[PDB]
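K.L.:
Generate coordinates for the entire structure from the input sequences, incorporating the hints supplied.
2 protein chains.
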Amino acid sequence: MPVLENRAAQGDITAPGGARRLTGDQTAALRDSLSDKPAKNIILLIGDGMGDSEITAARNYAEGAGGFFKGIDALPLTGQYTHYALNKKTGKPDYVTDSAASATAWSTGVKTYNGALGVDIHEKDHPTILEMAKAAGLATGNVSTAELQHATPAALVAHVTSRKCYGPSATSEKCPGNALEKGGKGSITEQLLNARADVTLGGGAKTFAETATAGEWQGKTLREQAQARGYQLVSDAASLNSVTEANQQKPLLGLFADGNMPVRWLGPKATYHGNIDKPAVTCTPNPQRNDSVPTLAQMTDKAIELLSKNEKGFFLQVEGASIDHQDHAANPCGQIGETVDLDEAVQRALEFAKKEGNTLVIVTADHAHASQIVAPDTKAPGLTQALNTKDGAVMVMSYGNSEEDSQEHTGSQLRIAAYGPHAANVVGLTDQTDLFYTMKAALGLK
Amino acid sequence: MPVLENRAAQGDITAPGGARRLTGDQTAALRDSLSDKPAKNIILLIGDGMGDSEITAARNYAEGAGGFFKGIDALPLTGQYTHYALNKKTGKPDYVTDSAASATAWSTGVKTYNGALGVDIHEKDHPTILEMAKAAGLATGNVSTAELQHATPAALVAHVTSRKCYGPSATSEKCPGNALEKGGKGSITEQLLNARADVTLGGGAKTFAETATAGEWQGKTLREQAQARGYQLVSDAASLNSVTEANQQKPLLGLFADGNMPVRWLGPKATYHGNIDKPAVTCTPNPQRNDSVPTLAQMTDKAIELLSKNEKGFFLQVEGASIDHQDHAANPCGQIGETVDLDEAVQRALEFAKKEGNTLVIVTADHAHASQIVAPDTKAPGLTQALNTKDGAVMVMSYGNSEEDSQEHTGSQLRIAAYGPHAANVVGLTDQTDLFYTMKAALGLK
Ligand SMILES: [Zn+2]
Ligand SMILES: [Zn+2]
Ligand SMILES: [Zn+2]
Ligand SMILES: [Zn+2]
Ligand SMILES: [Zn+2]
Ligand SMILES: [Zn+2]
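Residue numbers (full-length UniProt numbering), protein chains in the order written: chain B, 26 to 471; chain Y, 26 to 471.
Read the hints as simulated data drawn from the structure, not as lab findings.
Among the hints, erroneous ones may be present.
Unchecked claim - Below are the EDC-like pairs computed for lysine to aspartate or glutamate, each with C-alpha atoms no more than 16 Å apart in a straight line:
id: 1; chain 1: B; residue 1: 404; chain 2: Y; residue 2: 429
id: 2; chain 1: Y; residue 1: 404; chain 2: B; residue 2: 430
id: 3; chain 1: Y; residue 1: 404; chain 2: B; residue 2: 428
id: 4; chain 1: B; residue 1: 465; chain 2: Y; residue 2: 50
id: 5; chain 1: Y; residue 1: 404; chain 2: B; residue 2: 429
id: 6; chain 1: B; residue 1: 404; chain 2: Y; residue 2: 430
id: 7; chain 1: Y; residue 1: 465; chain 2: Y; residue 2: 156
id: 8; chain 1: Y; residue 1: 117; chain 2: B; residue 2: 88
id: 9; chain 1: B; residue 1: 117; chain 2: Y; residue 2: 88
id: 10; chain 1: B; residue 1: 62; chain 2: Y; residue 2: 50
id: 11; chain 1: Y; residue 1: 465; chain 2: B; residue 2: 50
id: 12; chain 1: B; residue 1: 294; chain 2: B; residue 2: 88
id: 13; chain 1: B; residue 1: 404; chain 2: Y; residue 2: 156
P.N.:
Pasting the structure below:
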């Protein structure tokens with residue numbers, strides 16, 4: 026099964042055939058990309074808010090319009106999927122989902138309301154693909170650049186009526202029925218610890234400082250509970266690299282930041298008439314991204330290495346989180362840098378998947394976002410910014426779907442690409458909940 | 026070769042698996058959708074400005090979130106392609122293309138600057154897929170809901186330095202080098218008449234009233250020229266239905282409107298805080314759409330019928346034009362109605378293509394647009410409107426990328442779907458210029 030080695034402009038963009046990405050008929054290559062045998066492993070790469078627009082903006086800036094993302098764009102089977110949520114009261118569709126309801130849709134196969142994690146509109150729990158993979162004996166991984174309490178990673182291990190129920194404190198107040206001291210299963214964090222994935226890497230070390238309100242570990246900080254339960258904790262890249270075992274007996278919990286991990290690129294925020302009144306921006310790397318902080322690609326590589334020791338196979342979800350945050354923040358450079366960041370991780374996954382031959386890799390996003398690529402001389406009512414792309418030309422990005430502090434999500438259907446056994450199931454129009462069924466069947470999960 | 030007969034939510038959206046669009050593994054069906062034998066015919070359906078956002082908004086409103094477009098969504102092979110244009114002075118990419126440069130890209134295989142038709146950045150002419158198809162002996166059709174002088178349909182038959190050079194008058198002034206009286210090939214309209222496609226259906230009958238400034242038909246209106254050249258003219262649905270022959274000897278020229286043909290649905294324009302201050306809108310069919318005016322689907326069916334008499338095969342380009350116009354106008358109802366209108370036309374093409382067995386059908390857009398689907402309670406800086414969808418729920422659409430009169434195009438890559446021989450060539454990431462080579466090869470054009 027081949028991966029598109031190169032879909033970049035073949036030559037001089039100004040000449041006939043120069044901007045072509047294909048070099049011949051693709052029929053045969055596509056025939057070789059189709060396989061229905063079981064998938065032994067599954068790596069799900071999620072770019073939060075990485076719609077088609079976000080991918081194009083990132084490509085234009087970092088690789089050039091005629092460029093090609095060695096990871097994101099290398100997947101052969103492509104399609105578009107819907108991610109509408111449901112209104113809790115009416116059961117009718119809610120065209121623009123949040124990160125919680127969408128994550129639940131692909132992790133459980135059931136639609137839900139905005140803000141929900143692992144439960145339907147009737148607040149009923151549903152087993153996640155991770156819980157199922159684990160029950161079947163497969164190694165499980167949950168990686169992300171955001172706080173592990175964040176919607177995307179949480180959705181695979183917690184079941185709460187509200188994404189806001191991070192630790193004991195918030196839970197008791199906002200999620201009474203889930204409150205441990207009220208007979209519930211506990212907060213997102215407490216449930217994360219219970220779920221016991223083999224590898225869990227992300228940020229949000231601050232929340233682990235809270236103390237449990239009940240149970241065996243009442244009075245103990247969640248960090249202490251983690252230690253007492255057998256979790257091997259790592260907080261930097263050096264220690265992460267020293268890890269050799271990651272199993273049910275010695276599960277790994279990496280906390281590399283108080284909150285979300287540092288953004289890769291710095292750049293100013295978009296501004297009213299920014300492409301007109303202000304000079305073009307060139308993004309600069311974040312001096313604080315550190316050498317002590319592992320990159321998304323590094324975390325992915327480690328998770329793969331450790332999870333691959335399991336004879337049964339593994340399920341790994343990797344999230345390029347900050348694309349969504351920086352999109353909300355209307356910060357082009359942050360948004361793009363996180364997309365480039367994700368690309369690298371996709372590459373690692375594709376490299377392993379190609380050698381192993383029985384790995385289904387899927388790259389997609391939970392929902393679309395605000396950013397739009399508009400003409401240079403655009404006078405928009407929102408925030409805009411002009412950037413100096415790799416092409417030596419200027420690209421203007423716009424965010425104008427909110428007068429408030431944060432730019433909002435959008436409902437547009439978006440790309441989903443895959444590679445390996447059962448990838449055909451992402452082609453054409455599909456729903457986000459179909460992804461749950463695709464992964465479960467590919468893994469023969471039962 | 027099968028077409029997705031149903032990719033709608035299989036059941037109760039609120040229950041597990043209820044929102045799924047798939048009923049089983051798609052590997053086999055996809056393997057049956059792959060074929061490399063020659064395509065005897067080609068039907069290219071273009072939705073002007075019909076990006077992924079536009080398609081979703083139209084589906085949500087007309088069919089429901091869990092709904093399915095029997096035409097637009099029925100195509101099995103899908104992917105995403107780029108449509109950046111070029112800066113005339115520098116040769117560097119211009120991330121947001123106009124309707125002219127994009128149409129030129131797929132019709133000639135060479136990128137060009139915004140505003141150009143059938144020429145590269147050095148203003149050099151390049152033969153179009155239509156001119157080539159004709160030269161090879163195939164029947165050719167050029168259908169659209171806009172004026173035939175419009176960029177999309179014009180791109181297949183005219184070569185001018187500016188899309189503004191509609192008739193003799195504008196040409197002499199804006200395109201000196203193309204002006205007939207100055208030794209050029211003539212205006213867009215004059216060149217259309219020379220090109221002599223077998224079937225050409227659209228609007229823009231007004232422009233045909235201008236008089237030629239030179240040549241054999243100097244002093245004669247372009248309409249009279251058409252008649253003297255042997256073109257059989259029709260101006261309504263009754264007469265269009267009476268047509269039995271459409272060939273090089275008796276080519277058909279249908280002009281069904283002074284300008285662009287009537288919009289299918291009426292509704293108010295989006296407005297500032299419209300989803301807040303104003304009531305939800307239910308689109309209403311345009312009373313003036315008429316029974317005397319053929320619909321896009323009717324024109325398509327006639328073109329296929331007449332073009333299918335040709336033993337060699339045919340090339341037909343059909344355009345759902347007003348999607349773009351109504352998008353500029355920030356009129357949700359007009360935008361969606363035109364997408365529903367195009368869906369019907371895609372259905373007729375799919376039906377024929379399925380029976381014939383050797384027809385490559387392609388449905389795509391020249392570039393993305395402004396409209397975004399945002400949350401109901403959104404307070405946006407632009408124009409917004411709440412709509413009553415088929416789901417009995419409300420969807421809010423937003424346009425906020427321009428403070429000026431018209432909302433602008435956007436640079437995001439967008440969907441391209443195909444069906445039939447050589448459809449595999451649209452899968453994955455590709456460039457718009459690749460479509461030229463795909464069609465030429467599929468047709469074995471030489
Ligand atoms: Zn999200
Ligand atoms: Zn996220
Ligand atoms: Zn978000
Ligand atoms: Zn256009
Ligand atoms: Zn058009
Ligand atoms: Zn336009």
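K.L.:
Does each hint fit the structure? Answer for all of them.
P.N.:
Each hint, compared with the structure:
1. Proposed proximity of residue 404(B) and residue 429(Y) is supported: the alpha carbons are some 7 Å apart, at most 16 Å.
2. Distance restraint check for residue 404(Y) and residue 430(B): the Cα-Cα separation of roughly 11 Å lies within the 16 Å cut-off, and the hinted pair is therefore satisfied.
3. For the suggested pair residue 404(Y) and residue 428(B), the alpha carbons sit about 6 Å apart, so the restraint of at most 16 Å is met.
4. Of the supplied pair hints, the one linking residue 465(B) and residue 50(Y) holds, its CA atoms being roughly 12 Å apart against a limit of 16 Å.
5. Simply put, residue 404(Y) and residue 429(B) have alpha-carbon atoms about 7 Å apart, close enough for the 16 Å limit, and the pair holds.
6. For the hint linking residue 404(B) to residue 430(Y), the alpha-carbon distance of about 11 Å falls within 16 Å, and the restraint holds.
7. Between residue 465(Y) and residue 156(Y), the direct Cα distance comes to roughly 11 Å. Compliance with the 16 Å bound is thereby established for this hinted pair.
8. Between the alpha carbons of residue 117(Y) and residue 88(B) the distance comes to roughly 14 Å, so the proposed pair stays at or under 16 Å and holds.
9. With a C-alpha separation of about 13 Å, the suggested pair residue 117(B) and residue 88(Y) falls inside the 16 Å cut-off, and the hint holds.
10. With a C-alpha separation of about 11 Å, the suggested pair residue 62(B) and residue 50(Y) falls inside the 16 Å cut-off, and the hint holds.
11. Taking the CA atoms of residue 465(Y) and residue 50(B), the gap is near 12 Å; set against the 16 Å cutoff, the hint holds.
12. Restraint check for residue 294(B) and residue 88(B): not satisfied, since their Cα atoms lie roughly 22 Å apart, outside the 16 Å limit.
13. Between the alpha carbons of residue 404(B) and residue 156(Y) the distance comes to roughly 39 Å, so the proposed pair goes past 16 Å and is violated.
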